[PDB]
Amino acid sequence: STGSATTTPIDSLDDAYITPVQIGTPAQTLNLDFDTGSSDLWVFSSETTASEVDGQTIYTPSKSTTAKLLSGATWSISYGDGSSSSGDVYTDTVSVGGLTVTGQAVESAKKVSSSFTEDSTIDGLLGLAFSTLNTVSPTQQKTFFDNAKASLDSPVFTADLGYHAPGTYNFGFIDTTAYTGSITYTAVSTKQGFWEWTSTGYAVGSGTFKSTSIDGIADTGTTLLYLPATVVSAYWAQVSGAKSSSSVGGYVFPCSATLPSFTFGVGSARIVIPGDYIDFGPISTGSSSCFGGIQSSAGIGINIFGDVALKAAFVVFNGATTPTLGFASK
């Protein structure tokens, strides 16, 4: 089997991407944030504290003839940005782009943090990291991809995120018309539960490529590109007037600037992020100071190849017995 679904930016800055997902019988379609950095499929629901729902579409398990409460199961997750959610668990039928999994764990939120409430466009998350990170207790549950992968034509999914435009998540096949050149594959460590890999280096604009190992994670659920402070300082030094602002929480730059590209290495291959992918717009409405899309990872503990990086590539998440990642230009 295969599936193919369009993913759409939630706003004009590409702050996140949402993908429609059918849950239950009859189908209830929710728009979920596909997140290769986590491993829970959780949704706003009829069980979510009413004051914490503000415009989201909810899953109502009592209206699904295939929903079954997973007895005794609870979940609770906290994300790297400080947001969180928790609740109980159903199993139900879940379909993405024509690919159907029966008995998928659907984690129904009883509580969500304010950042989720305040984002009316995101109805939940669909985790695509390794199932070892799933938070369901006392019996850990499998991700949608883990449940589907034996049925797929090939045990892979691909992320093709757009810049200020829709893109595609495919399951089970590699669309050879969706990229240019070849796909370069690179080794993955699953020891932390992530799609963790080592970039071979970087360049700023037309500058010389610096060969240096940068261990990080491919994370579709993180907006920005978080890299070591040395790398980030080298990038922003090429933008007149850019500075790290402690009050804002990262590098900012004059909105009148023209940003240089940023290149990262995948083996001997090179992925070029155009400068305008690095512009996240005014820090507050009407400001002429703009927020940068490349930020230091120093306070995180891990480097993160988030959407800023991934949207410059066609990315293969190869879930073979030994997982690998692939990157192509597009």
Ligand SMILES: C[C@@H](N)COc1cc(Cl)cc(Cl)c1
Given for the second form:
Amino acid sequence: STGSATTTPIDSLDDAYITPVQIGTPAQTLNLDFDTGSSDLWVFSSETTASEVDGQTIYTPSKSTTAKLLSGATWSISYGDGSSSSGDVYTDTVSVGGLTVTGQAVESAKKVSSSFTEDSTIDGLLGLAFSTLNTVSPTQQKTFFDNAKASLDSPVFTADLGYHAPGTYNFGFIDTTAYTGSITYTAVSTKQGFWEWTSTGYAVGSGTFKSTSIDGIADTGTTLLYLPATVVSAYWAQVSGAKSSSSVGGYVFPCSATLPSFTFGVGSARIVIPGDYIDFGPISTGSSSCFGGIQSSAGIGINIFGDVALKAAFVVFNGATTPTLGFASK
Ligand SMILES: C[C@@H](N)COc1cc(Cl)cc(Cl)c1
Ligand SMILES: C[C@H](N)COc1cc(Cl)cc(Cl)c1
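The form solved without the ligand done, now the form solved in complex with the ligand:
What follows is the whole complex; the chain from before opens it.
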């Protein structure tokens, strides 16, 4: 089997991407944030504290004839940006782009943090990292991809995120018309539960490529590109007037600037992020100071190839016995 679904930016800045997902019988369609950096499929629901729901579409398990409460199971997640959510668990039928999994764990939120409430466009998350990170207790549950994998034509999914435009998540096949050149594959460590890999280096604009190992994670659920302080300083030094602002929380730059591209290495291959992808717009409405899309990972503990990087590529998440990651230009 295969599936294919369009993913759409939630706003004009590509702050996140939502993909429609059918849950239950009859289907309840929710727009979920597909997140290769986590492993829980959780949704706003009829059980969510009312004051914490503000415009989201909710899953109502009592209206699904295939929903079953997973007795005694709870979940609770804290994401790296400080947001969090928790609740109980159902199993139900879940379909993405024509690919159906029966008995998928659907984690129904009883509580969500303010950042989730304040984003009316995201109805929940669909985790695509390794199932070892799933938070359901006392019996850990499998991700949608892990449940589907044996039925898929090939045990893979691909992320093709658009810049200011829709894109595609495919399951079970590689669309060879969706990229240029070849896909370069690179080794993955699953020891931390992530799609963790090592980039071979970087360049800023038309500058010389610096060969250096950068260990990080491929994370569709993180907006920005978080890299070591030395790398980030080298990038922003090429933008007149850019500076790291402790009050704002990162590098900012004059909105009138033209940003240079940023290239990252995948083996001998090179993925070029156009400068415009690095502009996240005014720091507050009406400001002429803009937020940068490349930020320091200091204090995260890991480098993160978020949407800024991934949307410059066609990305293969290969879930074979030994997982690998593939990148192509597009
Ligand atoms: C839950 C994880 N997928 C999130 O990963 C992180 C963690 C931190 Cl501390 C910061 C950022 Cl931007 C991302
Ligand atoms: C009707 C078209 N052939 C559809 O092609 C596209 C074009 C963009 Cl920009 C994004 C996506 Cl998801 C699909």
